[PDB]
Amino acid sequence: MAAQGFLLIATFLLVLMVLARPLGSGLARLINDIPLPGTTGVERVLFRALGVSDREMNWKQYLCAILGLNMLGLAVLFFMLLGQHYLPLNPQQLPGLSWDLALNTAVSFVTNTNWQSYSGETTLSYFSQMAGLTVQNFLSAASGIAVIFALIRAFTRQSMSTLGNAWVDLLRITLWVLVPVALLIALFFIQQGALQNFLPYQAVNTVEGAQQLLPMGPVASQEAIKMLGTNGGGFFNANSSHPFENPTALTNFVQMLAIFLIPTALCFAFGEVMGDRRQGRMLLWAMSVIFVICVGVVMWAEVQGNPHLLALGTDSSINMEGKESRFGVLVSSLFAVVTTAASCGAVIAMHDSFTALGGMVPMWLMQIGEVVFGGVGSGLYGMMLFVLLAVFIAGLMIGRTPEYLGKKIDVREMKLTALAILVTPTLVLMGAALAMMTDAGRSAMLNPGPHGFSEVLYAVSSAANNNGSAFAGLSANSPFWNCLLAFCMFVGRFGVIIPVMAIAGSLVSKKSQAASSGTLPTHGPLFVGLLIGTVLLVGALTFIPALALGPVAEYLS
Amino acid sequence: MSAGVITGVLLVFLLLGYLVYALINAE
Amino acid sequence: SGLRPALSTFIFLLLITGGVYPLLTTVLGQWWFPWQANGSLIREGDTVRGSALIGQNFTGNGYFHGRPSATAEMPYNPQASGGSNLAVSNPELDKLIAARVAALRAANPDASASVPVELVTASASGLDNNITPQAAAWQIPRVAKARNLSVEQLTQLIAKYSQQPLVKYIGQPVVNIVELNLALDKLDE
Amino acid sequence: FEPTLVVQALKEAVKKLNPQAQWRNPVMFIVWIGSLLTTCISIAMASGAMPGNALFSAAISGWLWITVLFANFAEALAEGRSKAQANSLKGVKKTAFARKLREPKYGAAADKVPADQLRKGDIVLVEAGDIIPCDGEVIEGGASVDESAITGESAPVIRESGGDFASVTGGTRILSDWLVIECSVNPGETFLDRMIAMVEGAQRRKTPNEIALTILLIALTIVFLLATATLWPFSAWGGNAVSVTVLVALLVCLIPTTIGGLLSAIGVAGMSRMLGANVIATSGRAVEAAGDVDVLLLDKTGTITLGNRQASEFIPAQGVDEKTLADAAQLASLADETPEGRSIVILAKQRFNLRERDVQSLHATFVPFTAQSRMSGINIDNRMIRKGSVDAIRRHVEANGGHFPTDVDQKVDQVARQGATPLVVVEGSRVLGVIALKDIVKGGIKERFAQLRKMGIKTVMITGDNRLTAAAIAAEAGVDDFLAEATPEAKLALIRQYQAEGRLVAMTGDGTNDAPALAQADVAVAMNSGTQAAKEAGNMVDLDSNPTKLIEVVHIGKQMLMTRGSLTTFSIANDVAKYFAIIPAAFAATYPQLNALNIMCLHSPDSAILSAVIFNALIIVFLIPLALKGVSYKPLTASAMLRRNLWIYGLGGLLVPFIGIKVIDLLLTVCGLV
Ligand SMILES: [K+]
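Just so you know, the sequences run in chain order A, D, C and B.
Residues 1 to 557 in the entry's author numbering are what the first sequence lists, from first letter to last.
Residues 1 to 27 in the entry's author numbering are what the second sequence lists, from first letter to last.
Residues 2 to 190 in the entry's author numbering are what the third sequence lists, from first letter to last.
Residues 9 to 682 in the entry's author numbering are what the fourth sequence lists, from first letter to last.
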C-alpha cells in the first residue's frame, strides 16, 4: 500500500500540473484586461447593456464594490431562507429556517465556506438550494478571484493608482471560467451516476419489508460548483461521501483535481504576469512540500488506525469507521488533507472519527491560515501575506530594506500584513475561548475527553479560516453556535480582504527599481526554506498549546 | 461568573486594546 | 456608484447561475443520461426497489449484510445522510463495535475467526451500498447455506457485480449489494 | 565601558520610568504588568490566598523587576541624553541681566536689571563687551556688534542708531561702543525663545529598521498573549485548571524580550565603537542612521574655516610700491589682538621681514576701531595710517577732498569675486592698496568629499555668509550645491525638505545658528571649535574636530547594521526556540499523559519557569558582550549574507534556550532550591 500511497499523490500532482498549466495561461489575459480570444466584442454587447463603462478604480472604490456585492449577495439569501415556504419547486412543504440558522447559512454561503449545521435534503427545498446557493458559490469564488486579481495587478503595475474595473472582472471570471468549466464537470458526474432532476421524493418499496424515502434534486449541477470554487456545501449532509454527489472513485479523482484546479493555476498566472515564472514555481513549490508531508502523515496515521479494532478480533487495524468503502482508505486520507488544506469544506470521511494524528493534521492546515494550496483566492492572498512577512523578516535580519518583485516595501505596507495574519489565529483563540467558557457551547459536544475539545476547536478553526469542513458531531443548531460562527466567518474573511486591498492599494503608486545588495532573489529553494519555516511557524506559535490540549492528549492517552 | 473568573478576561482584552494600538502607530 | 452598473450585475449573475446553469445541466442531463439523472432507480415493472447507489437495510439471513448504517431514525435512512461520528477514544464506540463483533460470529458460524473491518465498522455517509470483495467473500458460507447454492457460481455472481476502479489506487474493488441481492432473488427461480 | 558619573546619573532616569510612562516600550510594559501582579499575588499569598508556596512566586516576581530595571538601564544608557536639547543656549537668557537707562537720553541713571522686567518698549543700555539682552532697534549711538548667534560669523558687523542698520537682535555680542536700544517685541517672542522653543521639542525621526522589528515586538506578543491567556478556558474544562501564578508567568516568559533589548544592544555597541574614531556619540539611534545617510549638510564657517577668515598671498596695489605699503600693514596691525590683525603680522614675515619694531619704541597713538569712521589705525608719523574696510574709508577719502582711483574698486571687483574679505590701508589721506583676506580650508578635504560622493551621498553646504564668498569655496571643496545667506529657520526647512523625501540627514556645524539644524538632524555632528550650545544640541561630537570625518562614521555605521542583522537571527530564533522549551513543560498539571512532552527532563512546570525567567534575564544582559566581545562581519552579497547569518547565529539561536534551560534547571536541582 506504501507504493499505492506514493502513486496516489504522484498521480494526483502530475495530472494537476498538466491541467493547471494552460489555465494559468488563460487567466493571464484576464489580469492584463486582455479579453479572451473566443469572445471579445461579445463582452462589449454586455457592458453596454449593464452600463459598466470599463472605468478604472482605485482600491477605496474597488473594495466597496466587492463588499457591496457580498452584502447585497447576502440580503437576497437572508430573505430567501426566511420565506422559503413562499417559493416554488418545493417538493415537500418544508418551512423556512429559524432566524439564527437563517443568519448562519446566509453568512456561510456568501463567505466561501458553507458551514452547514443542518441537513439539506430534510430542510432545503430546491430553490434556496438552487437560486440561493448555486448562484452564491459562483459569487464567492469570483469574489475571491476579484481580490487576488487586484493583488497581482498591484505588483505588475508601475506608479499608477488604479486596479482595473471590478464589475468587468466578475463577469469575465464567472461567465468564462467559473460557469463553463463547472458545466463540463457537472456533465461528467452524471455519466458516472450522480443525480440531477426536479423530481419529488420518490419512495422505495425495499427488498425487505421496510421502506425508505429517497431525496432528489438539482445536485450534480451544484456539485461541480463547490468543488471548483472550494466551497464544500453539498446538497446532503454527507456532503461529499453521499453517493448521489460522488458515486464512483473516478468522480472522486476529478473532484480532488477540482479543488486545486483554480488555486494552482493562479500561481501559474502569477509567474506569467510578473515576467519570471520562477516566482510562481517557488510559490507552487513552497506549498507542495507542506502538502506531500501532511498527506503522508495521514496515510500513515490510518494504516496504523485504531489498535482496539484488532484487539476486539477484527481482520486489521485499518480505520474504516468514519470512512466510505466505495473509496479507499488512502483515498479518504488524501481527500481529507486536500479538503482541509484548501479551504473547501467538502467531506468524504467524517473527520471526527479519524485517529488522533489523522484529525490533527486537517485541524493543523486550517489553523495555519489556509495557505497550503488554499482556497480560491483566499489561499493565494492568504499566501502572499506570509510572503510579505518572510521577505520582511529577511530584510530585517540582513539589515537592508525589504524589496519584493522590484518594489520597496515600507512600514505602512507591513503594519497591515501584521494585522491580517493576526486575525485568523486571533478569532480561533477568541471563538474557541468563548465557547469553552460557557455552558452553551460545551453542551453541544459528542464525545468526552480531550477529543471532544477538538470538536469545539475544529469548528472555529473551520470558521475563521473559512473552510466549512465539519466534525459534525458538534450539534451546531443551537443559536449560540449559529451566532458564534457567523461572526467568526464574517470577520475572518472581510478582516483579510480589507487589509489586502489596503496592501494592494499601496503597492500601486510605488515603482519597481533595479537589483541591489538588498534585493533577495525571491525564487530558489534557498528562500523557500525560509517561507515554510515561517508559514509553519506562525501556526506553531499560536496553536501548540491549542493542539496539545486537543488531539495530542488523545494520541498519548 | 465571578471576579476571579471574568475580570481576567477584561484584562486580556485591554492588552489587545493596547498592543494593537501600539501596532497601528510607530510610537 | 451604487447604481445601474453596481446593482444589475448582481441581478445578471442571478439570472445566469440560477436561470441558465441548473436547467442547462438538466436539459443536457435527460437528453444524454436519462437513467442516472432521474435517480438510477431499479424498477421491477413499476416497483421502485431503490437505486444502485444507496443500499437498503439487509437483515435477512439469505442476503448479504452491508455495512452498518447508524443514521437518525433507523439504519439506511436517506432522510438523515449522517455518519457515526464516534471518536476512537470514545469508549461508547467500543460498546457498539463489540455488539457487531459477537453478532456476526453467531450469524456466521462456519466463517473465519477474524471479521473484515468493513462489516463491523460503520460508514461515513450512512448509505454505503458497497463493500470490498474480501468482505463479500467472507459472508459466502452463510448465504450459500440459506439459498442452497454452490460457491463457484456464487463467486461468479460476486465477480459479475465487482466494480473495479479505472486504476488500482483510485479507489477499492467495489461490490454492489442491491443489484447483488436482487439477482440472488431472481436466481431462486 | 563608561565612567560611573555618567552611569550612575542614568539610573535615576530609570526609576522614574516605572510609572505609566513605559507604555511606549510595548514589550517591557507587558513585563511590567506581570511583575506588578506577581507581587499582587505573592503578597496576598503570604497574607492569605489559595496558593501556598510564596517563596516560589517571590522569585517569579524578583527577576522580572530585575529585568525591567535592567532593560530600562540599558535603554537610558543607549537612547540618551539624545534630546538634551538646550541648556547653555537657554542659560544665557536666565543670566541675561542688563543695565538700563531710566531716561531715554544718553547719560541717564543706570541699574542692572534681570531679563524678566525687560518688557516691550524699555530704555535699555548696552555698553561694549557685554551681550544684547533683547531684540529691538538702536535709538542712540553707534557701535560694531558680532552676530555669531544669528549668522554664525565671527566678523563684526555695523550697528548704528537712526537708520536701516539698527535692528538689533537679543543674544549677540557687542564689541566697540555703547548703544541705547529699546525693546520692540514682547518677552517670549525674542529670537532666543524663537530658537530655544524651536530646538526643544524638535523630534527625531526613527529609522525604518528601528520601526520594523518593533512590529515584531508586537506581532509576536499578540500571538503569545493569546496562546497563554486562553489555556485557562482550555484546561478548566479538561479537569483541573492551570493556576494563575503559572499562567501570568507563562505569559511573560514567552514574550520576546530578546528582541526587546536588541534596540539598546545595538545602541551601546556602536556607542563603544565611536570612541575609537575619536567621536563622542550620545544616541544609539544616531549610530545606526550613519549607515543610511544620503544627504549631509555643512556649515562653511567654523567647520570649513578654522575661525580664521583670513589670508592673503600679498597686497595688491595701484602704482604704489609694496615695501612701505606692506610695512604699513604691519603698522596697521600692531595694537590689534584679534587674529585678523595677527595674520597680517604673519604676512609681514612673508616677504619684507621688517618685524624688528617694538610696540612702544615706535611711540604711536593706537587708534582703536571706531564706529563713526568705522576704522582702526595708528599714528607713528605725522600721517594717519588707518586700517578699515572699503566703504568706511570711502567716507574718509571724501572727508579729505581727494578721490581714490577706480582700479582700487577694480581690486574689490577681484577680491570679493575671489571670495575674500577686502581691506584697504591708507597712509594719511593717500590710499596704498587692498589687502585680501579669504578663507582657508583644513586639510585633505577634496579627497574626502571625492570618497564621500562615491559612497552615494550628496553634499550641500549651508551658511549665512555671502554668496560671492561661498561660491568660490564651494568650488574649492568639491561639494555638490551651496545655499548662502540663510537664516537658521531655513536650515530646518531644508532638513524638513529632505526628511519629507524619507531620507536620513546628517547636519554638521558649529554655531548656535546650527543648533536648530542639529536638532531635527539624524546624525547631528558637533564640533569642538563650536560653542557649548551646539555640543548640547548635537547628537554626536567629534574629538579631533574634522567635519569631513563622517566617512569613518559611515564605515562604523555600516559595520553596525551588519552586526545588527546578525543579532536578530540569533534573537528572532532565540525566542521562537524558547517557545518550544517552556510550552510542553507547562502542561503536566492538566493531563498527566503530557509528561512525555517534557523533552529536557525538567523537574516540574514550576521548575522550568524559574529557569526561563533567569534565562530571560541573562539574555538581555548577555547581548551587550555579544554585541561587543565577540563581534563579526564580512562584506558579502544579498543572498549569502543571509546564508552566512543563519549558520552562525541562526543555528545558534535554536540551541541557546535548549542549552540554557537544561543548565539552570540543574542548578535548581543540584543545589535544589525547589
Ligand atoms: K483566508
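Watch out, some of these pointers could steer you wrong.
What the hints assert, rightly or not - As a list, the in silico DSS-like pairs of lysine-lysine whose alpha-carbon atoms are at most 25 Å apart: (1) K510/A with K466/B; (2) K466/B with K511/A; (3) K415/A with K214/B; (4) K408/A with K466/B; (5) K408/A with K120/B; (6) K102/B with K407/A; (7) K357/B with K510/A; (8) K566/B with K408/A; (9) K120/B with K407/A; (10) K408/A with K214/B; (11) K407/A with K331/B; (12) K511/A with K214/B; (13) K407/A with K510/A; (14) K120/B with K102/B.
Calculated directly from the structure, the hints in this document are not laboratory data.
(request) Take a quick look at whether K357/B and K510/A sit within 25 Å of each other, Cα to Cα. (result) Violated. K357/B to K510/A sits at ~64 Å, over the 25 Å cutoff.
(request) Starting from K415/A, check that the Cα of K214/B is at most 25 Å away, please. (result) holds, 16 Å
(request) Would you mind confirming whether the straight-line C-alpha gap from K408/A to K466/B stays at or under 25 Å? (result) holds, 21 Å
(message) Check whether the Cα positions of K511/A and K214/B lie no farther apart than 25 Å.
(response) holds, 24 Å
(message) For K408/A and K120/B, compute the direct alpha-carbon distance and say whether it is at most 25 Å.
(response) violated, 62 Å
(message) Tell me if the straight-line CA distance from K407/A to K510/A falls inside 25 Å.
(response) holds, 7 Å
(message) Tell me if the straight-line CA distance from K120/B to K407/A falls inside 25 Å.
(response) It is violated: about 65 Å lies between the C-alpha atoms, which goes past 25 Å.
(request) Decide if the proposed pair is consistent with the structure: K466/B and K511/A, CA atoms, cutoff 25 Å inclusive. (result) Since the Cα atoms of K466/B and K511/A sit roughly 22 Å apart, the hinted pair holds (cutoff 25 Å).
(message) Check the hint pairing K408/A with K214/B against an upper bound of 25 Å on the C-alpha distance.
(response) Status holds; Cα separation ~18 Å.
(message) Just to be careful, I want the Cα atoms of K510/A and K466/B compared with a cutoff of 25 Å; is the pair within it?
(response) This hinted pair holds, its Cα atoms lying about 23 Å apart.
(message) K120/B and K102/B were given as a pair; does the straight-line alpha-carbon distance stay at or below 25 Å?
(response) Measuring from Cα to Cα gives roughly 14 Å; hence the hint holds.
(request) Would you mind confirming whether the straight-line C-alpha gap from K102/B to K407/A stays at or under 25 Å? (result) Roughly 53 Å separates the two Cα atoms, so the pair is violated.
The structure fails hints 5, 6, 7, 9, 11 (numbered hints given earlier, in ascending order).
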